[PDB]
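A single chain comes next, written as structure tokens; it is the form solved without adenosine-5'-triphosphate (ATP).
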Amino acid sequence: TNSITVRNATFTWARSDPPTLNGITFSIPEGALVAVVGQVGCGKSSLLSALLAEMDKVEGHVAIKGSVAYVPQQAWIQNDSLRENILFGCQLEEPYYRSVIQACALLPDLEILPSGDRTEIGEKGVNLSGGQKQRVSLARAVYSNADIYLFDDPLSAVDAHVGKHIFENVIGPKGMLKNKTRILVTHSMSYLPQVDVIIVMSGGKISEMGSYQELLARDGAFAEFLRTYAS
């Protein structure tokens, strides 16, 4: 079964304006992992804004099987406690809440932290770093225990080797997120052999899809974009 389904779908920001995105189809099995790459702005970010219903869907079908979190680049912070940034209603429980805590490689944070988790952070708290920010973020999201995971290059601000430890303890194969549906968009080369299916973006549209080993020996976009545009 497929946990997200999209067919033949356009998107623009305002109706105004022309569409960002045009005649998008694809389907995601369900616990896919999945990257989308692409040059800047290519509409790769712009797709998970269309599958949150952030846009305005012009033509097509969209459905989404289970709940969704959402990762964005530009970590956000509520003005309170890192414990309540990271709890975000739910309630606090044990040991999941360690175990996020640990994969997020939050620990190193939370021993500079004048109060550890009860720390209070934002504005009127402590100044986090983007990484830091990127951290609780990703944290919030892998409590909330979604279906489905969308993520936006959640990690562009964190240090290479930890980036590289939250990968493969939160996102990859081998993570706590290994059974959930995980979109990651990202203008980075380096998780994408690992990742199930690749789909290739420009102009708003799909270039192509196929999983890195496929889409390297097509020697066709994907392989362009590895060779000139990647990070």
Given for the second form:
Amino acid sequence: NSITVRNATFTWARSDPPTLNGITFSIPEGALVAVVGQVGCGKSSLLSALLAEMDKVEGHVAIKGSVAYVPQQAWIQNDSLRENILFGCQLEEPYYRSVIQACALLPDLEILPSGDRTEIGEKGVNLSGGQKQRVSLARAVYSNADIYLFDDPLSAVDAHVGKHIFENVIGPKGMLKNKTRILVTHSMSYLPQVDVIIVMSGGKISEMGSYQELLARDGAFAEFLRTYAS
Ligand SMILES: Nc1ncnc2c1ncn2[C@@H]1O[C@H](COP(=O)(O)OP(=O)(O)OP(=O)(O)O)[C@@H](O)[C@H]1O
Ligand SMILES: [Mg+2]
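Which structure goes with the form solved in complex with adenosine-5'-triphosphate (ATP), now that we have seen the form solved without adenosine-5'-triphosphate (ATP)?
Everything in the complex follows now, all chains and molecules, and the chain you saw is the first one.
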């Protein structure tokens, strides 16, 4: 297991009840695992907890290897698009080329005045929400971590681009097919294709299993599909 969490409780503020309570799960190395649940149920917080960005009140957390993150709202550094991807790393080919292609960046680069050397962020070219998201994906993919935490990574891109990113970056035929990948998503579109789904409610885990297992149970996952998925 690349991730092992045992009866773990995490807080953003000791003055109030913890946001995440009694979290217990293990993720096999190389698994693709979705995390779903009603808006506000604690999905982003779960990723923050794994990044050691919350305060662990109690419990056990063991994470094997490096961790990359694609946050829920993409952000841009004041620098070239290239440096927004490299983010401290040296540029290496053909890996860089593969990341550009996989993250659907070619159509964006093609209309930029200096391609990837274009200054983006403050006082530079004004990227769209979809463009920022593709840059954010590329930043994480380029770092070539062992574990990927994706916070609703297809929300800001259109359906066609989303399909490209799932196929080339996230899924079993993508370039990260050997990595552990945790996929928070509000969408049902790719849930049949993940290995395991973790359903959350109220800062706790309600149930875990495959798409087919959870669907048949007609419990929390079935309710997510009927009422919350969008
Ligand atoms: N970076 C942060 N700093 C402080 N509090 C946070 C942070 N991120 C989330 N929270 C808090 O955690 C609680 C659960 O919200 P969280 O954002 O984890 O839910 P979510 O399931 O990701 O919601 P959504 O479906 O809207 O993305 C909320 O009180 C929220 O304000
Ligand atoms: Mg969230």
